[PDB]
Amino acid sequence: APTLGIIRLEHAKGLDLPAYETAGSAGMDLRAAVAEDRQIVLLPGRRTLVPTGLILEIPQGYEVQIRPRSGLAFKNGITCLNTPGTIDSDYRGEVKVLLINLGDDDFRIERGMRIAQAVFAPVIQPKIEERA
Amino acid sequence: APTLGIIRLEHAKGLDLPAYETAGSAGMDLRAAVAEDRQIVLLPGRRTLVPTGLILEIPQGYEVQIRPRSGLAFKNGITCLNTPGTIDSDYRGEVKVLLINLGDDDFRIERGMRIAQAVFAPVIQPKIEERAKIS
Amino acid sequence: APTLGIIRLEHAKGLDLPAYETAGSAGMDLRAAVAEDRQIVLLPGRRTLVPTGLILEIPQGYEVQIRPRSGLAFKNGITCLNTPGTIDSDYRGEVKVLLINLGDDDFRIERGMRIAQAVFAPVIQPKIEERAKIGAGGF
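Chains as they are written, first to last, in the UniProt record's numbering: chain A, 8 to 139; chain B, 8 to 142; chain C, 8 to 141, 147 to 151.
Calculated directly from the structure, the hints in this document are not laboratory data. Virtual Cβ for every residue (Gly too), placed ideally from N, Cα, C. Certain hints may be false.
[To be verified] A few chain B residues that face chain C, going by a derived Cβ cut-off under 8 angstroms, partial list only: (1) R15; (2) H18; (3) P75; (4) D97.
[To be verified] Covered stretches of chain C, going by a simulated chain A footprint (3 or more residues, C-beta under 8 angstroms): (5) 39-49; (6) 82-95; (7) 131-138.
Please work from the sequences and hints to get the whole structure.
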């Protein structure tokens with residue numbers, strides 16, 4: 008099995024590492040690493056980039072997809088706007104989740120809230136051949 | 008090849024099992040297993056769960072992704088809000104599809120309508136190693 | 008490595024083909040093949056199907072996923088409405104990207120603009136077995 012490296016930045020240190028819940032799980036929940044005293048309200052129609060405080064180190068040949076939580080999508084109409092979000096094996100910046108409120112409630116985002124799921128997947132760079 | 012188990016519930020009566028159209032197909036189309044003599048109305052901005060009438064039995068090591076139907080996205084602005092929806096090997100509920108109307112017309116959901124596609128894939132759980140420095 | 012064939016239609020003449028930025032890139036950017044000195048102005052809440060002028064010949068056992076660019080989603084609220092758009096190995100039509108504007112400002116699509124990314128990956132088909140009796149997936 009490949010190894011996924013995770014660095015917790017300072018604002019993610021008090022939150023758990025991502026992990027698979029069971030041997031059957033497809034993904035790992037990611038949480039909002041906003042400050043405890045800086046909760047936000049995502050208004051209907053609006054979008055916001057939510058920090059996780061994580062840097063991912065994905066080996067060559069793999070990617071991580073950032074997918075929506077189904078519960079939040081159903082209950083509140085919240086989703087990830089750029090889904091599935093593509094984290095490259097090459098990326099060493101912080102992973103951030105772009106949420107959009109496509110419902111009609113004023114949705115509160117708080118530190119520690121589960122906001123998305125990460126799925127680790129193979130990816131290939133094919134030879135690209137122009138043809139007639 | 009791995010085997011995907013499918014249970015058809017009673018309200019899926021008369022609807023075929025999902026199947027791949029060809030050896031080249033990446034996904035299987037799912038249909039709306041809603042009551043036969045009713046149209047469900049999905050107004051602009053609204054979302055709703057649509058039953059497929061299927062329980063999937065996905066073997067450990069694999070997942071199913073639920074992806075949008077392109078034709079309904081183009082023609083009516085309809086999509087799957089939580090796309091790509093993740094169904095794991097633990098899940099044994101009925102598969103439901105979360106549609107949202109991001110167009111300007113009343114959209115009518117009818118029995119048998121194709122509403123999404125299912126893509127079956129292996130899933131990998133990498134070893135998670137916390138690191139203090141960029142490698 | 009497998010080979011992705013790309014046939015260029017007339018309106019993609021003059022444009023760079025899709026290519027990976029680095030050896031670690033998961034996706035390669037797709038460009039709008041609208042006529043030069045033509046524009047698509049996409050108003051808030053509207054969707055439009057943007058031509059790439061490319062046909063992909065993907066070999067069997069693989070698919071291409073059309074996914075959104077993160078920068079357009081963040082900066083403009085633009086996304087791919089049918090994401091991830093599946094292109095299978097049987098598909099020989101022109102690739103067209105279905106953009107929707109979920110932001111507040113107009114979004115102007117111009118020739119050559121990078122409007123999506125394509126991710127190439129293996130795909131499998133399981134055997135399907137009907138059963139009578141008996147996790148992410150529920151709501």
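Each hint tested on the structure:
no.: 1; hint: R15; verdict: holds (7 angstroms)
no.: 2; hint: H18; verdict: violated (16 angstroms)
no.: 3; hint: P75; verdict: holds (5 angstroms)
no.: 4; hint: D97; verdict: holds (3 angstroms)
no.: 5; hint: 39-49; verdict: violated (count 0)
no.: 6; hint: 82-95; verdict: holds (count 4)
no.: 7; hint: 131-138; verdict: violated (count 0)
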